[PDB]
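> Fit chain A' with the ligands to the given chain A structure using the hints.
2 protein chains.
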Amino acid sequence: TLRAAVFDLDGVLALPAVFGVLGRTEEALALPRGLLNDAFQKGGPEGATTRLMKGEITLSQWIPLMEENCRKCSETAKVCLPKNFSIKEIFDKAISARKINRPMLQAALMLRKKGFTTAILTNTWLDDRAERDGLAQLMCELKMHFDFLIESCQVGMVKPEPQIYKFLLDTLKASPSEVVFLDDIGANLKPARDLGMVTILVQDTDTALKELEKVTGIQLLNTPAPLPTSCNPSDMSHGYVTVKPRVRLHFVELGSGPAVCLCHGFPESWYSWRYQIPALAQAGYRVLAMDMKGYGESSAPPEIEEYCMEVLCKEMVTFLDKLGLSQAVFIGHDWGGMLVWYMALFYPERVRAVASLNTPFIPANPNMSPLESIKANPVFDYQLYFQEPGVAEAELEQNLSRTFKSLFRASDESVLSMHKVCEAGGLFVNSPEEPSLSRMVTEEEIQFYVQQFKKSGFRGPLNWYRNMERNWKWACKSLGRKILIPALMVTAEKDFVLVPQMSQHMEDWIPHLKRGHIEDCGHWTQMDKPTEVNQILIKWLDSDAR
Amino acid sequence: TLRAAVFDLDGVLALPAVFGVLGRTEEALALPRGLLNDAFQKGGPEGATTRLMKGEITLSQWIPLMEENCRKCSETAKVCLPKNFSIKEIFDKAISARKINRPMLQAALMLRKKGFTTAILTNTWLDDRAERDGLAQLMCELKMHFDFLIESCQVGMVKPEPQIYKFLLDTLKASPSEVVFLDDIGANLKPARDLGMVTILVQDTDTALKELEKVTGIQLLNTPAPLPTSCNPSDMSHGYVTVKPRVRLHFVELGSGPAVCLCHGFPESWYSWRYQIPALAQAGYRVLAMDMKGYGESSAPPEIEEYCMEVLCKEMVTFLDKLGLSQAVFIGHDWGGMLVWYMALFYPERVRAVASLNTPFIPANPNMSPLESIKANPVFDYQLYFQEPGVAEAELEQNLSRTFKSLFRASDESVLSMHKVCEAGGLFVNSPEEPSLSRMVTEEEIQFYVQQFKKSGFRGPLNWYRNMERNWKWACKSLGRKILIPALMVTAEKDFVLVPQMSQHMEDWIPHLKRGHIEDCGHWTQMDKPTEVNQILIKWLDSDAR
Ligand SMILES: CN(CCO)c1ccc(Br)cn1
Ligand SMILES: CN(CCO)c1ccc(Br)cn1
Ligand SMILES: CN(CCO)c1ccc(Br)cn1
Ligand SMILES: CN(CCO)c1ccc(Br)cn1
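Protein chains in written order, with PDB author numbering: chain A, 2 to 547; chain A', 2 to 547. A prime marks a further copy of an entry chain.
Just chain A, same shape as in the assembly:
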């Protein structure tokens, strides 16, 4: 029985095959059939191309040698290559045209999800072209999804040489009959077959996946749409910035391009953005996913006033100063969404663009106490329960697994009221001791939050709600302002606390406001609807953030 799946890159994990353009170039130029494919493979094992694939020479060194072979072939065929024939132009164009074969990658992802060891075995080259970054990017995106990447130019061996297959089996730590091997070249398939490996000759992807599905007994074709790539905490770059003597902020960092600072809500973590981090980095951004003050690896001082909006915002500005960033786009959810609007109001020069999930922008009412305002809305009762220091901490810290399992639920899975929490005497009063696991989360993901909250607990996080007066007084200073920088408001249909309707007058204070709306989405937006959130954020970032 199989337990390993090996994939070729060209014509298998990536399409159109860079190789298949030789035939297209031949036809486009009306060159004799197979001329370019013939010059490419000239001299076989002793030839220029084999030396390139074994890593003896670089792609830029190979280019003049391929030109020489093209001439010799044309001389023999008694044809003339055109006046403006260029190998570099042809190969630049072909490499740039090559894309990941999404359905093939999804099958590799599904196999690996089921316990398969996966690898990419490719005949490739050391690319030193001025345009090499395009290929570097493609390989980067692809390789992260596999246990191994075996490149001919790095191992000094090539398919179809039998040694590369013995090397592959050694790397996989598997006997040949345990391996399914996919390749678009019959000649490169033959040694794997001769070894007794299961082999699939790849022509069209769907037939190749049908063969793969039959041989593995795992459904790979016609499967439900998969979730976006998540984060493994131990595989991320972890950053730490001291913003002041007793406060340090922790963040996870991924990608290159414009800085995108992600700001979670209550009671969350940088990990609440697990589905957004890989997607936004892949979209061309440098993601900085915060552990907000009071959370995870960031400092959690006990004082209530350390958590007022003015202090939190000042610290996020220091955070940018220390990292040497003049701006960042700020994207927040829940309490993070609130912080992000205040960053736009008080520090617009440091805010490239601003986006909030669920949290609307509502200006402070100077004629009403914030406690009066909270009292007027029944769904905000939990906020009054959070006021008294120690009360909500004791309940929320009593059983961490129960806390997160009760909180992190989709709109059709609640066990939690949110109204009459004070009268009831607690958040989990009518709650099971052993809540069922939400479809949104795995047990492992819940345990991650449990482990993070063991460090500082709920004091710092609850302190975000204990600055209503202070926040109101500070917010009143911004009453004559408008948000005129690029802004996005994302509403969640089924957030029964931060209801879409509460964002209805935002255009009065943000005239150029752009919107996104997510149907059948509860409070935990990022994990409830990650695909939709990623789609909305990437589209808005590319159009309005640069």
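Just to be clear, a hint being listed does not mean it is correct.
One copy or any two copies: either way a pair holds, since identical chains are not told apart in the list.
In silico DSSO-like pairs for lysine-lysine, Cα to Cα no more than 30 Å straight-line [stated by the list, open to error]: (1) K167 / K245; (2) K323 / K456; (3) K174 / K474; (4) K474 / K79; (5) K89 / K478; (6) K115 / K191; (7) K174 / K73; (8) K495 / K421; (9) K167 / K144; (10) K245 / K174.
Think of the hints as simulated: they come from the structure by calculation, not from any bench.
Below, chain A' with the ligands alone, put in the same frame as chain A:
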């Protein structure tokens, strides 16, 4: 006696004054004299500009109000503003034209170096213009050199209001007579004077500095050229990446733009790049200053083979993979310079460009043992002394302060032979027990290296020299290759081990090689000649790295 110096921004720390363009715009357009300056200050404390400076409104909201004032003033003057009059265009142009007043900043730097508390007190605005980043960058560069930055739009007060001065004194924790206050506006100087502060009306910088020099008794004018900005380790962003189960790599990160990976030599630290990090980040690059494997906060496994070039290079590739970087420019010095050439030879697709300080590229000789090659050069005797595990560790770890003080010396300050080290029986045999402190380093900087080396000592670092055979065998695989990616070789006249002459045949293997040469420079290039290194690196990065 003075102990604090306060500087205005517009017309003092930054020139030309954004304000002084109103007069220039008036003349360029042949508008009545003072018309634009008059519309700008219209309504005084109750006017649009004061509201902007107090942070009541943003710059984009102020623009239409200034236009309205410009019209009213022109109506009264009985003039017509031209057909195409735009406040936005004028102010965008003026802000963009404004630069740091380098001699004023240098005086502020010198005062602070002498124990002065320094601050910037400015009447400024909340900039939400599409072009706001230019100003954000300028403020970022400037503020890092001061103890405080007090912005009118953030404090809700403006000069000349007396409250802002009381606020300034409070922030400084100083009585007025202890403060020297510099401003280009006589009206904004008057309240500070009325308080009894020493005040300087700034017209031309040189006279203002002459006044400042007289009042403080500190030489600020005609001083020797200062060293580039250094790094305070506690103020940096520290990054950590696990490259494999037992190996994690630590780095310091600063700036935005193309990734520039700095690779130190033996026996150094990320801190060896202290003078390059702020300069390269200011030049428009994202600097990643490594603690190479075996050093500082990076892992230091004991096994010799963990330090061969192949393993070290594979790990630097994993390092880029985990950070999500398809490429980085690699700049190395000494052993780091050696690694960087091998990154270019084996991983050109991951190397944007390559630069080495002192370390030449010399291809492996397949007809001679590497030990034979080392033996042939008398200056490389120390490398034979380093071979025997434990011998050099015991000597180098015996007294860390003595080790670094003996090693880190300019070409005219040696206490260290380097040849006949084996025959002598040690590196420090003819060395003082208490070496004098080199002009290159402070006691504090030496103590930083001492503290870093207390964690893992010299085993890992010395292991870089214990892989001669392994490195030679691996290097021989690259004998048919050429380095064709952008490359820079920087030679140091007085490096008596890595002599400029050893780089003479590099063009045979790197045909497009660019060069830099530093006169009167010893082995410790980055700290010996930081200004020159920064100049060479920035020029090459801007021309060849993007
Ligand atoms: C804002 N958070 C805090 C309440 O615990 C939140 C979480 C769950 C739901 Br449901 C609504 N709001
Ligand atoms: C973000 N929500 C937090 C809901 O838990 C919020 C924002 C501002 C105020 Br006031 C109250 N709630
Ligand atoms: C390469 N390092 C190691 C020698 O200790 C080096 C340091 C000092 C001098 Br001087 C020359 N080379
Ligand atoms: C960089 N230098 C280290 C001098 O300490 C070097 C590089 C390669 C070989 Br082999 C020997 N020395």
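> None of the hints should be skipped; say for each whether it holds.
Quick rundown of the hints versus the structure:
no., hint, result
1, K167 / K245, "between (56 Å within a copy, 24 Å between copies)"
2, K323 / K456, "both (25 Å within a copy, 26 Å between copies)"
3, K174 / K474, "between (65 Å within a copy, 26 Å between copies)"
4, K474 / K79, "neither (87 Å within a copy, 45 Å between copies)"
5, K89 / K478, "between (61 Å within a copy, 25 Å between copies)"
6, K115 / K191, "within (27 Å within a copy, 77 Å between copies)"
7, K174 / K73, "neither (44 Å within a copy, 84 Å between copies)"
8, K495 / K421, "within (19 Å within a copy, 79 Å between copies)"
9, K167 / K144, "within (21 Å within a copy, 60 Å between copies)"
10, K245 / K174, "between (50 Å within a copy, 19 Å between copies)"
Of the numbered hints stated above, those contradicted by the structure are hints 4, 7, listed in ascending order.
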